[PDB]
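Presented below, as C-alpha cells, is a lone chain in the form deposited in one PDB entry.
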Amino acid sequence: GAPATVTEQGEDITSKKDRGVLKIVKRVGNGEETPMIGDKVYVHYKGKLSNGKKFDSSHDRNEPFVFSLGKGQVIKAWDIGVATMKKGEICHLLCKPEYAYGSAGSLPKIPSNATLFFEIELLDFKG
C-alpha cells in the first residue's frame, strides 16, 4: 500500500541526503511557486503509523491545519516537505523518527522511534 510504496519509491528531499524524509508527488499543484519561510500555510493531512493505525486526520475535523512555515512549529519532516510543495499539490511523505518525534514519541498516539506516513494537501499559503 501507499506507505510501502513511498518507502521503496520515494525521493529523498533532505539536505543531508540521509533518506530521513522521502516524498512522492500524488497530485501536481499549480504553477511553480512554493511557500517561503514564515508564510501561513494551510494543509489537510492524514497520518498513519508503521503498524497501520491512522493516528490523525484534519479532514475528519472539517478544518485545515495552519502553521507558520520553517519556524519549528511542527515536526521537521513537515517543515521540510511542505516547503517543497506547490499550492494545490498532494504528496506522500515517509518520515524517519529523527525528522519526527524521535525516541520521545508523542502521547498518546505516537510511540518512541516511530516512522510516520502522511498524505498532505497544500491548500494555500500567504505571507
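Think of the rigid core as the biggest set of C-alphas that the two forms share within 1.5 Å after superposition. Numbering follows the first chain given and starts at 1. Compared with the form deposited in another entry:
Rigid core superposed between these two forms, residues 40, 26, 53, 76 considered: the one with a C-alpha shift of 2 Å or more is 53.
Annotation for residue 64: C-alpha shift of 2 angstroms or more between these two forms, rigid core superposed.
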Contents of the next structure:
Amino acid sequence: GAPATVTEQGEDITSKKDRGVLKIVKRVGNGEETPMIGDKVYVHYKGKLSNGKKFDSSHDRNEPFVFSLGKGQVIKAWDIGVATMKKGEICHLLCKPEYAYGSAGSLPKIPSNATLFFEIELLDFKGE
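Switching from the form deposited in one PDB entry: structure of the form deposited in another entry?
For this one, just the chain is written down, with no partner chains and no other molecules.
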C-alpha cells in the first residue's frame, strides 16, 4: 500500500538523515515556491496510525486546517514536511515516533512509539 511505497521509494527530508520523515509526491503542485517559517498554511489531509486502528481526515472539519509553519503548532514531521511542499501539491509522509509523539505517545489515541502516515494537500500559504 501507500506506506510501503514511501518506505521503499520515499525521500528522507530530515536534517539528520535518519529516515524519520519520508516523503513521496503524489501530485505535483504549482510554481516553485515552498513556505517559509512563519507562513500561514492551509491544508487538507488524512492520516492514520501505521499499524492499524485510528484514522483522521480534515474533510470531517467545519473549517479549513490552518497553522503557522515552523512554529510548533503541529508535530515536527509536519513542520519539516509541509515546508517542502508547493501550492497544490499532494504528498505522502511517513513519520517515525521521534518526529511525532515519541515514547510518550498521546494516550489513549496515539500509542507509545507510533509511526504515522499522512496524505497532505497544500491548498495555499500566506505571509505573516
